[PDB]
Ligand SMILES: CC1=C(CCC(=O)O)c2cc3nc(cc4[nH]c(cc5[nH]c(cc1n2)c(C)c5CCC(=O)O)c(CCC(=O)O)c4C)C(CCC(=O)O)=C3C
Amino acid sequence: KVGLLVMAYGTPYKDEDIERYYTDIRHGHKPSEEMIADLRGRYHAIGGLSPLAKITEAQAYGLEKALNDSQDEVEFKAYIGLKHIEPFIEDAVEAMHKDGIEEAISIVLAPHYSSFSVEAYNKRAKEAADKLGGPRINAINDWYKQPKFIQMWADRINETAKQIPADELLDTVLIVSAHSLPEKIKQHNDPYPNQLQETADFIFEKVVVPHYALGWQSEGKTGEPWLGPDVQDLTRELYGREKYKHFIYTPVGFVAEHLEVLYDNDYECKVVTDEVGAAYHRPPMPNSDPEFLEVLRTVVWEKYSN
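Structure of this chain only, please, in the form solved in complex with coproporphyrin III.
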């Protein structure tokens, strides 16, 4: 019995939860009434709440099933550890410990590594284990190089492009993005930006879309520079220069439909394409598709074999 520590951001379960959730994201500093109002407005604009909770849950337990049905060397037990709402990363580790688990493999539901994302996940999990006395946490840092991951995204882009008139494929561009971070991470050799570039490069080689570009989205409310260009700004620039007629958005930094896709892409990017007169395309997120469960199953088993 090896625990499967599946970690993700988390999302408010109820509208009452919005305040403490934002407070946790802001490292305990309660946001103003104006910032809360904006956030609740965005959740309202996408229907009320994000489906991130149910998707994350199907992902974690679909992985556990996928691993357990494909071999009998080991039995896996999935525990969900969220970053900004319960159950927290530390609650999962405590749950693993009280359950007697001696060893566990941890994976973050985000394929790319960064000091701000995976590193924070791995740090909190290792600190909770050390304090508790177990289990031993064998962490996966990234997995965007998994061939099946690259292929799954190329298949989605290819399926969408096949519905674009050949008359217009030459005027179609693929926009590859992930959640922005403070630009300062580039001063210390953070791999995050280069991992995203590699991801876009690998996908581009396997799709019929002849143009592409790397953007970022969802940069925070601070006073510092963030990784750019923003996908909205990139969309305008690319239209001004090439007059592209089709924009295909794949935020490969995310693995599920949630606020940062349903609003930041399906609304704000759509607004831009509408403004310039181009078509908006955003292929389905991985969610809990068997193909994606197969991606995660391969990554975890590869990590176990090592």
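Residue numbers count along the first chain shown, from 1. Rigid core: the largest C-alpha set superposing within 1.5 Å between the two forms. Compared with the form deposited without coproporphyrin III:
- Annotation: the position in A60, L67, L52, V255 displaced by at least 2 Å at CA between these two forms, with the core superposed, corresponds to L52.
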Second form
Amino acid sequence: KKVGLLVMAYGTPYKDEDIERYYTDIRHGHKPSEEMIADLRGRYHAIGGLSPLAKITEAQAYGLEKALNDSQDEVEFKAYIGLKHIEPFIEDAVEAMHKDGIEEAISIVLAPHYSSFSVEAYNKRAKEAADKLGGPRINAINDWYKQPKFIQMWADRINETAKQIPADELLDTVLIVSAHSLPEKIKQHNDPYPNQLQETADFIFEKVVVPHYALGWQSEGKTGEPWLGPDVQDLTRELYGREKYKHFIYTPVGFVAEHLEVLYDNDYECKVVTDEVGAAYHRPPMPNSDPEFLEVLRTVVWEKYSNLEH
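Next up, the form deposited without coproporphyrin III. The previous block was the form solved in complex with coproporphyrin III.
We keep it simple here and write out only the one chain, dropping partners and molecules.
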């Protein structure tokens, strides 16, 4: 039988007309105000609109499927995309697998780090759907930031971007390593997410020419509670105040695609700050569906299959 490959991600609106229902789902059924929707529409317009965004997630899932099936002849994987906040939902993907007669699946989230707040939610939804249908059995991957090829992918991109920088200003350059912020309360649960981001930054930093680095958070939601900090905008201001860096290199390694959180929260909002302090802004290409990144994911999934079967 084919092995199911459940590739999960947050979801992005396909059409402009989807923005309201998308953000209503994100906000637990609380429809965004007219002013909030207008703000969000303006942010999507700033980054060139919606059409490029969903294509990346598709290219990652199906590129991963092809990378797996061309690299070995023990099994055939079939990819099913399951999204948190728009169709096809996680539950749709699991239903599809069961209807197709898939008995065994491996799941992976398109984010390198584990949190009890975020990744566990995907896993719980997938498992509960499967339990209701009677299958498939789902063997979940929880994180994959420790993969050497993942770290090397980011180090290589940073080192290439660093060639943009005059030799004598490299000592005035800082690497800002970031991920999506989460509610600060995850720390009361001993959530490993903050430590996993620190480890990722450490592993990358020892492989790059940039001599200074800092960890930050971004893209925090608006709920009634504090979120992990510092936010990259505030951290940029603070680091300039203390050290007067001339170059900021932003690697939002918690993200895998050029979606709104990178094209707006970094390329607009962080560049506003670097502009305001007279420093230069740099941000390497995101992984998207680059063959090097597809090979990272292939390595992750095949290592999981191998551990289960070999």
